[PDB]
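A.B. asks: What follows is the residue order along each chain.
2 protein chains.
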Amino acid sequence: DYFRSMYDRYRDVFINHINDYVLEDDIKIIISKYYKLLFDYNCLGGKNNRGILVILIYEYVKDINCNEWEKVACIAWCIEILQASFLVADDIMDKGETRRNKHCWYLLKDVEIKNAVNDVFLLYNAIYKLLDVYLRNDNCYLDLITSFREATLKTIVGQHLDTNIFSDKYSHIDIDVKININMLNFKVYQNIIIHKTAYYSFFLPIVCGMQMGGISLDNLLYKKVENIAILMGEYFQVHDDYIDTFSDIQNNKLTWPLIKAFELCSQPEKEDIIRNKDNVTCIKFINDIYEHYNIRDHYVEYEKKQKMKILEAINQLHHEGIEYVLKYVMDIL
Amino acid sequence: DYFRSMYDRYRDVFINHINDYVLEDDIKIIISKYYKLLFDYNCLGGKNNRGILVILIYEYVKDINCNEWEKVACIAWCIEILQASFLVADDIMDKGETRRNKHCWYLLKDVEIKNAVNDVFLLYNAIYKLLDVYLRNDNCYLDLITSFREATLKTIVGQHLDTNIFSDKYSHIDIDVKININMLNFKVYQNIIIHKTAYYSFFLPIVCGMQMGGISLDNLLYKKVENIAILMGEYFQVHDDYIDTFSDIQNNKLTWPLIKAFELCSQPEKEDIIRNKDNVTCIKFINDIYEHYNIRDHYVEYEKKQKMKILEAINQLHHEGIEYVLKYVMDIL
Ligand SMILES: Cn1c(=O)c2cc(C(=O)NCCCN3CCCCCC3)sc2c2ccccc21
Ligand SMILES: Cn1c(=O)c2cc(C(=O)NCCCN3CCCCCC3)sc2c2ccccc21
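Residue numbers (the authors' numbering), protein chains in the order written: chain A, 35 to 96, 99 to 209, 212 to 215, 225 to 293, 304 to 333, 336 to 392; chain A', 35 to 96, 99 to 209, 212 to 215, 225 to 293, 304 to 333, 336 to 392. A prime marks a further copy of an entry chain.
Among the hints, a few may not be true.
Since the list can't tell identical chains apart, any single copy or any two copies may satisfy a pair.
Stated by the list, open to error - With a straight-line Cα cutoff of 30 angstroms, these simulated DSS-like cross-link-like pairs (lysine-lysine) come out:
#1 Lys234 <-> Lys67
#2 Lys234 <-> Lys368
#3 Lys150 <-> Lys317
#4 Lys225 <-> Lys145
#5 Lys368 <-> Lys150
#6 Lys234 <-> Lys138
#7 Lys96 <-> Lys271
#8 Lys327 <-> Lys150
#9 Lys67 <-> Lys225
#10 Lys310 <-> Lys62
#11 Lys62 <-> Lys336
#12 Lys62 <-> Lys368
#13 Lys67 <-> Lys131
#14 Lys67 <-> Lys310
#15 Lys363 <-> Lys205
#16 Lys336 <-> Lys131
#17 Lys62 <-> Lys327
#18 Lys205 <-> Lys70
#19 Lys131 <-> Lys310
#20 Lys386 <-> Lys150
Just so you know, the hints here were simulated from the structure itself, not pulled from any lab data.
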């Protein structure tokens, strides 16, 4: 897995493109420092699951030469940069404090929101910059860039839903230039997760690996895989929420524990949940409500069932390497 | 000029793509309302100079059929959406209040910064979505998307410079995770303007028009034009600053009046300028300093000289239609 070592080779390259700009040497030095810091800060320290998935899938769908490895590692790090851009955007939107156990990029003294927005856009453009640099001549250049386009669009729509579903505008169907009860249900939650997480996290890396491996687009796999991605997305996102509840409640996010507590709890407890926001007492009240009906074991049951369904789908893929890769990913948990 | 009427045909199309997503009808209705509002709010009300430039240049480099008009209007509105995304990003970054004589998109009750970031990214992706929808089969699809890539990258770098040049980090050349005197000069100002404004505002539309007209990329025009764009950018950006000073001072932006006042004023007045921020008294002090040395007439002299140089470059283009279009643009002022 010679993936991390390639990082510099790509990052520097992008900065080199900015170095070639018509600027004075001093400005060049300062911007190179700043953008190197940005990349090393927001694209490092994570598990890099997406890029590793890309690499594994490409290897298993294929004895691979150096140019292929370079292209694949570029794609993996491009997806990692997409993750970083989404992560910084979410830190800005959700008013988060710590990401990867360090201060959010927009919270730094030298980087306010003003810099954070511009930097997220820089990262998003750098993705396609590197893709153009390394894969324009490859037969799947348009397929890859359009896969990134669609994954980003669906993630953006999912983030919008995750942010604004309980807002006043989403209630009662015009806009004027609080929990919405009808909005909390498993169908809306599935929509939010699938668009928000499933595609960019799972579908996009798998599709990139398959396309680089030589699988034709019209192959039926690209739909089966999609379904699997959806399921996996669902699975992991629920897991994520399970980790959060053990600041979704603070930001009034529609979460799996909320929906299941609402389903299980009585009407007075539904009213109590509705009444409970940036206040510790309300958060602990909702945590106690969750712990009363023991939603933490319902998550275990859901994990079992969803993993069963995912494995059933994987066995229906009928492709040895991709099946092994996805089974390994699920075994990671 | 059948440009505005096409707007809906493109906007709806993009929303239709989002409608095709796997969502419930209610969520579909709400998101369609919200994104239609976003597009109609941030992409309408302006002069639409960039798109009109695209259309005029394409027409003059060419008796044009319907598919060509559709593609060209799509490109023009894509550049307008790029303008809107940059405009909303700048409103977020500079903490502005009114844009196009109405509340900034991020200031609305139903749209905070959280929604504004996601919406700017949505608009940026919608640009390439429409480009793919309308021009993927055209021979210049990659050229156009890469032109957009580079224009956006240079605009992002220019915005970063315009925002952070006077910051502490830019002084003395590492980052720790006030006016910088050495930074204010005509060379740094030229860099900031050229990257920030010249390319996306002028070079990008001209290049799109020429490429759609059938001009080969390796033609020498694509460099002469670049120079002209630079000059024009410079010109107009200075004009823009002249309009602002008649909130650049509030946000501590490096502006043409600041540099020229520093050049003309004595050392005590340089210290006074440095000492003067979100305070009315300081702003009026700097305005009085500007009005003392009458920088408002130095702007007139600069306008004359820069227009002369731009016209000299245009006469050196040696292309009738593009020369006429650029002369008309300069006559707009
Ligand atoms: C391949 N692989 C993965 O792809 C994946 C994804 C995961 C996740 O929890 N994602 C939620 C993040 C929500 N963001 C949405 C974007 C918009 C804003 C940011 C917020 S865990 C995970 C994983 C775990 C172990 C092994 C492999 C894995
Ligand atoms: C074709 N045409 C133009 O292209 C143009 C551009 C103009 C301008 O003042 N731009 C500054 C805007 C700075 N933004 C930078 C992006 C990053 C953040 C936003 C801030 S005026 C103008 C113009 C005027 C009359 C006729 C034609 C024209």
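A.B. asks: Next, verify each hint and record whether it holds.
C.D. replies: Right, here's what the structure says about each hint:
Taking identical chains as interchangeable, the C-alpha atoms of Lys234 and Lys67 lie at most 30 angstroms apart only when they sit on different chains, with a minimum of 21 angstroms there against 46 angstroms within one chain. Proximity of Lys234 to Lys368 under the C-alpha cut-off of 30 angstroms is restricted to the intra-copy arrangement: shortest distance 18 angstroms within a copy versus 62 angstroms between copies. Within a single copy, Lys150 and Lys317 get their C-alpha atoms only as close as 39 angstroms, which misses the 30 angstroms cut-off; across copies the closest is 27 angstroms, which meets it. In this assembly of identical chains, the alpha carbons of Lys225 and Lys145 lie at most 30 angstroms apart only when taken from different copies (14 angstroms versus 33 angstroms within one copy).
When the C-alpha separation of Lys368 and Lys150 is checked against a cutoff of 30 angstroms, the pair qualifies neither within a copy, at 44 angstroms, nor between copies, at 35 angstroms. In the homo-oligomer, the alpha carbons of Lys234 and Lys138 never lie at most 30 angstroms apart, since the shortest distance is 34 angstroms inside one protomer and 38 angstroms across protomers. For the homomeric pair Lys96 and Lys271, the shortest alpha-carbon distance inside one copy (20 angstroms) is at most 30 angstroms, but the shortest distance between copies (47 angstroms) is not. Taking CA atoms no more than 30 angstroms apart as the test, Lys327 paired with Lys150 passes between copies only; the shortest distance there is 28 angstroms, against 40 angstroms inside one copy.
With identical chains, the CA atoms of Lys67 and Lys225 are at most 30 angstroms apart between copies only, with a shortest distance of 20 angstroms across copies and 43 angstroms within one. In this assembly of identical chains, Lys310 and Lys62 lie within 30 angstroms of each other by CA distance solely across copies; the values are 19 angstroms between and 42 angstroms within a copy. Taking the shortest alpha-carbon separations for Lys62 and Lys336, only the inter-copy value of 27 angstroms comes in at or below 30 angstroms, while the best intra-copy value is 45 angstroms. Taking CA atoms no more than 30 angstroms apart as the test, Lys62 paired with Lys368 passes between copies only; the shortest distance there is 28 angstroms, against 53 angstroms inside one copy.
When the C-alpha separation of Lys67 and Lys131 is checked against a cutoff of 30 angstroms, the pair qualifies both within a copy, at 26 angstroms, and between copies, at 26 angstroms. For a Cα distance limit of 30 angstroms, the shortest separation of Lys67 from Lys310 across copies, 22 angstroms, qualifies, whereas the shortest one inside one copy, 37 angstroms, does not. In this assembly of identical chains, the alpha carbons of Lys363 and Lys205 never lie at most 30 angstroms apart, being 37 angstroms within a copy and 51 angstroms across copies at closest. In this assembly of identical chains, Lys336 and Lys131 lie within 30 angstroms of each other by CA distance both inside one copy and across copies; the values are 13 angstroms within and 26 angstroms between.
In this assembly of identical chains, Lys62 and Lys327 lie within 30 angstroms of each other by CA distance solely across copies; the values are 27 angstroms between and 58 angstroms within a copy. Only between protomers do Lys205 and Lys70 lie at most 30 angstroms apart by alpha-carbon distance; the minimum there is 14 angstroms, versus 40 angstroms within a single protomer. For the homomeric pair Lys131 and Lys310, the shortest alpha-carbon distances inside one copy (13 angstroms) and between copies (27 angstroms) are both at most 30 angstroms. Taking the shortest alpha-carbon separations for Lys386 and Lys150, neither the intra-copy value of 42 angstroms nor the inter-copy value of 36 angstroms comes in at or below 30 angstroms.
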